[PDB]
Amino acid sequence: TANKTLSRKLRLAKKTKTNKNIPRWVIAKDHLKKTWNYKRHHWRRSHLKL
Amino acid sequence: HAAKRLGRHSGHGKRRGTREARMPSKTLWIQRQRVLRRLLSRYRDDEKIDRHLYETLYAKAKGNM
Amino acid sequence: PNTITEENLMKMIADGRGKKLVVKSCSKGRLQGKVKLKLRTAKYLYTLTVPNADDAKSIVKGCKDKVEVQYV
Amino acid sequence: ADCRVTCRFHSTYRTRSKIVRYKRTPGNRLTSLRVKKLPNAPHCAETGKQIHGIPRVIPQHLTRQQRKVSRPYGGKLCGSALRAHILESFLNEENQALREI
Amino acid sequence: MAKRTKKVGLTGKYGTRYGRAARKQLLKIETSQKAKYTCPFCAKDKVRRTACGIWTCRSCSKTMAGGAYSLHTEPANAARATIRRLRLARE
Amino acid sequence: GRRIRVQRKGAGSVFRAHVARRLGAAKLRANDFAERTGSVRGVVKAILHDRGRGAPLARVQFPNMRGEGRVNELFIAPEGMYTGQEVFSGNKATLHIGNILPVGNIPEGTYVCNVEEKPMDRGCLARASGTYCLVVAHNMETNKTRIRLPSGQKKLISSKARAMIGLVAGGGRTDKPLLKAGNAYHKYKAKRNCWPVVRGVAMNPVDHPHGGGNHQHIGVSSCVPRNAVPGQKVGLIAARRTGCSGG
RNA sequence: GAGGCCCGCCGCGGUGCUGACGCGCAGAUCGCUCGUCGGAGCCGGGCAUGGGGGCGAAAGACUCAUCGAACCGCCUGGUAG
RNA sequence: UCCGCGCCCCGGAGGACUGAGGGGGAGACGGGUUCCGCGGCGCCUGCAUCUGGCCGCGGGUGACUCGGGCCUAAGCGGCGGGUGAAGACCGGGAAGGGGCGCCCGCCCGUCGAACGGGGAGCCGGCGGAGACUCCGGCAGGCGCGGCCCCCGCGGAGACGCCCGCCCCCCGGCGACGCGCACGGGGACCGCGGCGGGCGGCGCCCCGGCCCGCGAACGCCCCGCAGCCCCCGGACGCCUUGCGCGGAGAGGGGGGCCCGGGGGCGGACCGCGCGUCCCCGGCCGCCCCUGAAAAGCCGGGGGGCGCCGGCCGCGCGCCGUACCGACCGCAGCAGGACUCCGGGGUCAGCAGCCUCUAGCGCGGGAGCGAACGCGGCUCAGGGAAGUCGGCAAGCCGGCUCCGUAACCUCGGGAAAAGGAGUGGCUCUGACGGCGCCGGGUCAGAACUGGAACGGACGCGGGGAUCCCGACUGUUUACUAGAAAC
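Each protein sequence line maps, in turn, to chains LG, LS, Ll, Lh, Lq and LA. Residues 2 to 51 (the authors' numbering) make up the first sequence, in order. Residues 67 to 131 (the authors' numbering) make up the second sequence, in order. Residues 2 to 73 (the authors' numbering) make up the third sequence, in order. Residues 2 to 102 (the authors' numbering) make up the fourth sequence, in order. Residues 1 to 91 (the authors' numbering) make up the fifth sequence, in order. Residues 2 to 248 (the authors' numbering) make up the sixth sequence, in order.
Hint data in this document are derived by calculation from the structure and do not stem from the laboratory. Hints are supplied without guarantee of correctness; some may be wrong.
[Said to hold, decoys possible] As a list, the in silico DSS-like pairs of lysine-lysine whose alpha-carbon atoms are at most 27 angstroms apart:
#1 Lq:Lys3 - LA:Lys46
#2 Lq:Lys62 - Lh:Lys77
#3 Ll:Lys58 - Ll:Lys12
#4 Lh:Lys50 - Lh:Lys24
#5 Lh:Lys37 - Ll:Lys44
#6 Lq:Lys62 - Lh:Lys50
#7 Lh:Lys69 - LG:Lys5
#8 Ll:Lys67 - Ll:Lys20
#9 Lq:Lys3 - Lh:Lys50
#10 Lq:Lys13 - LA:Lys177
#11 Ll:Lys12 - Ll:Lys65
#12 LA:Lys46 - LA:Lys28
#13 LA:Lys46 - Lh:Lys69
#14 LA:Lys190 - Lq:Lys34
Please construct the entire structure, taking both the sequences and the accompanying hints into account.
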């Protein structure tokens with residue numbers, strides 16, 4: 002893992018970049034009501050690349 | 067360790083290892099053989115002892131004489 | 002680093018070869034018999050330990066105006 | 002009271018090229034300096050005896066004068082081997098002439 | 001001296017194991033394998049086994065092919081003679 | 002049933018020879034114009050050990066006839082050959098141990114080894130430790146020479162076929178008892194996965210034809226016909242006779 | 001200073017208590033007591049071998065909690081007096 | 001545990017634990033942001049929480065020298081083609097490489113290893129999070145240019161000395177097993193001394209504790225063993241064990257290599273016993289013989305002109321946080337590869353205590369019922385208990401006696417069975433001599449509720465009979481066996 006490859010690191014960094022909650026202004030604009038991304042992953046309970 | 071040097075704590079009850087373990091009967095041989103081979107060699111170089119005697123004495127020293 | 006050959010080679014290097022700086026580090030830790038001259042070159046830093054301050058002066062004499070001195 | 006140290010190499014596995022020597026640094030700490038495996042000097046092609054005069058350093062970092070022996074077939078043949086080769090060659094030519102004469 | 005009275009001279013290592021027949025056979029082969037043989041060149045009793053069939057004289061620095069456990073095998077000694085007699089006869 | 006061990010062995014895969022670290026293929030020097038007329042002189046650079054062979058091998062360096070370098074041959078070593086020997090491979094070669102000459106040239110009664118089954122085969126018969134073949138007779142009209150193979154069987158081979166004079170070295174290697182299972186594991190590790198061996202009467206009915214019942218018994222006779230099927234030939238194949246006997 | 005030698009640590013196994021546990025700490029763990037501990041040894045990485053096939057110091061054992069024939073999808077909403 | 005906002009948080013004081021095969025410091029892999037700072041408790045933290053690996057916000061991984069990349073390994077793929085209904089599978093025999101005039105030339109791996117091989121990194125510092133990467137010094141490697149210079153000498157020899165390149169040939173280095181010993185270094189350790197800083201002190205104390213630093217690299221000098229040279233011609237020379245010598249010993253003088261030591265530059269003084277790691281010369285071992293290549297460098301022959309020195313510059317690509325965070329539904333007495341390893345007692349890296357470092361686990365209070373689990377002791381008897389000594393207990397360290405049948409002569413054997421063991425005060429031994437440095441082996445007195453392997457660690461033994469010779473292997477998760 003500390004000896005990773007750029008192509009494994011860049012697909013893992015997309016997940017870190019997109020593990021975000023819906024911006025609050027987006028909920029207000031769309032009247033979303035459901036404010037949970039649901040594609041968000043927590044390292045301990047998750048198995049990305051599996 | 068100052069008592070041990072005097073000879074205070076080294077009796078049979080305070081020994082938990084075999085005599086060979088406490089002092090290797092091999093390292094006592096190397097020392098004696100080296101000490102005696104040094105003595106005989108110096109005598110031969112000094113011309114105190116003959117070359118032939120040196121060989122005879124060298125063998126008897128190797129033979130635990 | 003190396004020790005320069007007396008001031009024989011030291012002054013020869015000082016005259017032409019890289020002598021970016023010389024340092025007259027006298028009193029290294031306030032100790033006696035201590036004038037250490039440290040010539041910076043491209044290849045190596047060279048040090049000649051000289052017995053006396055007067056001995057050091059003869060080598061400092063002839064130091065190029067272009068050659069830079071620093072004193073410790 | 003602890004002089005335990007940590008690995009200098011990329012991985013802890015201690016192989017032949019992964020051996021360290023501990024020295025104390027100026028800042029009073031034990032440091033692990035790497036121990037390079039000694040390359041070995043050239044050995045005579047005929048026979049197997051190490052050629053005298055050539056240091057056990059990788060040949061690239063040696064200097065041409067150091068990596069050579071001043072003798073015909075110097076870093077290849079040891080002197081005893083070379084003198085046997087010279088003698089064998091000379092004698093063969095001398096026996097051939099005797100066969101013709 | 002004579003630390004082992006019987007022919008357990010080199011086979012003392014095996015201890016009470018492998019049976020008498022194996023140990024007796026090993027006595028002959030083992031004693032032959034670790035023996036010093038006379039090099040046909042050095043003429044010095046310095047030939048010792050390196051591997052099965054390979055024997056080297058430490059002084060002569062010459063390696064020679066031989067029997068697995070002896071520098072020279074009885075079949076080989078006879079063959080060299082037969083080849084010599086036939087060679088001399090052909091010329 | 003299950004495929005038996007013999008069937009599983011022919012796909013290699015674990016039963017393939019452990020050929021790593023083996024010096025090379027031991028073979029007689031190739032027949033060349035200088036071998037066919039006259040003799041090529043080689044020097045025995047080394048006598049070494051092959052990983053899976055009991056007999057010592059030998060690196061003999063011959064001159065390159067084709068070009069300008071020196072060519073190295075690997076030969077099974079006859080006993081008595083030494084480093085720095087001069088070995089001649091040729092039609093005009095003297096009868097000394099080590100030399101390779103055509104079998105017609107070799108005289109009758111001569112111990113020979115690494116004999117060629119057919120001319121220019123570079124080695125075939127008499128290659129194991131101690132083994133040798135003997136020249137029995139030459140028919141000069143049929144250009145054929147009778148030899149006795151180490152088995153005893155007599156083979157008529159072409160007089161052109163070459164052989165190395167001498168008896169292969171390593172002689173008397175099997176006289177020493179292996180003594181321990183461990184010594185066997187070390188010998189077989191340098192060869193192939195054939196050891197340890199489980200008897201078929203030990204295996205369950207699926208694994209072997211001898212298979213298994215309430216008591217360990219071969220069931221039907223161990224003797225099997227030569228025309229058995231590939232998974233059925235397991236005991237004594239085509240036995241002319243069985244049993245211990247005189248002679 | 002020899003040994004598929006002995007005692008014994010780690011290691012690697014797993015004997016007995018038929019101990020604890022048995023809604024477990026755990027879909028096999030725990031504690032003692034043990035077998036061995038220079039060797040047919042133990043351990044990592046890479047690689048090879050594939051389903052009636054493999055591999056097996058052989059127990060029908062093992063092949064990803066699955067083996068007297070793995071698993072996944074389909075034929076298949078198989079057929080059942 | 002006490003006090004301090006007082007929370008299981010944090011700070012101080014205590015009392016402890018993991019106990020150098022660590023509840024320590026670090027990596028490989030796997031996770032993939034868990035890392036850091038700030039705020040927060042709604043989720044989660046199986047009790048709580050002001051805590052957090054949780055939640056929100058903002059950040060964090062810097063390399064010519066470390067690793068990848070490159071080489072080859074087991075292997076795998078490729079190949080005019082060869083098959084097969086195909087999908088696909090199989091594979092050397094096939095006009096297989098380059099510039100200009102030529103010449104030389106059978107025939108694939110820019111596959112495969114973050115442990116194997118490889119050109120070269122050290123010190124000191126800095127940050128909330130990182131470092132062989134930053135920064136400051138000091139060096140080493142490999143190339144690109146400018147300038148200058150310029151094509152071998154010395155020796156009796158082994159060598160020495162700053163030295164050319166290309167082709168083709170030949171060789172070397174890369175490059176190698178396991179072991180018991182023995183030697184030499186490094187680190188560690190301990191002992192004194194001196195210098196600095198403490199703590200305790202009812203009595204003693206120069207008796208306790210903490211600190212006292214020196215890297216890569218560059219020159220010069222040494223360096224055992226080994227291997228050679230020159231004279232010369234022999235019972236000697238030597239190890240721990242060996243081994244060695246008319247194919248040349250000893251002796252005398254030399255050469256080489258030696259992962260090392262010193263001196264200077266970089267930049268506190270002495271001594272000892274061990275331990276650990278490297279290294280050396282051996283000796284043993286094998287039906288076991290302990291990889292390869294890239295690369296680099298000699299040598300012979302031909303060609304042919306280099307060579308150096310000095311001074312600048314350059315060095316691209318990717319990995320680089322953290323892990324008590326991995327995998328078992330989980331923040332699960334389960335697994336999971338390494339590296340480095342202080343003190344005392346000890347034969348010990350065992351057990352038991354400890355320095356460093358870490359740190360008090362899905363909570364706490366009472367009470368002291370039965371019963372259960374983990375232990376402890378038991379009068380007299382001593383297996384009468386039970387399917388069966390199951391379980392428990394006896395035994396055990398060391399020294400010195402003593403030891404049977406049987407035997408494959410190696411065993412049995414630690415057979416069996418006795419006796420001693422502490423503390424003090426000494427006395428010899430043994431190397432050490434300018435006498436200085438050892439900590440074991442004996443022997444002796446005097447002691448003491450009739451104690452002493454005082455904890456700890458640590459065989460109960462014998463007589464047979466049946467199997468299987470043996471060491472090994474086996475049913476992961478009911479059979480370790482006489483089975484294999």
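TODO: Report the numbers of all earlier hints that the structure fails to satisfy, in ascending order.
DONE: When the structure is compared with the hints, numbers 1, 4, 7, 9 turn out to be violated.
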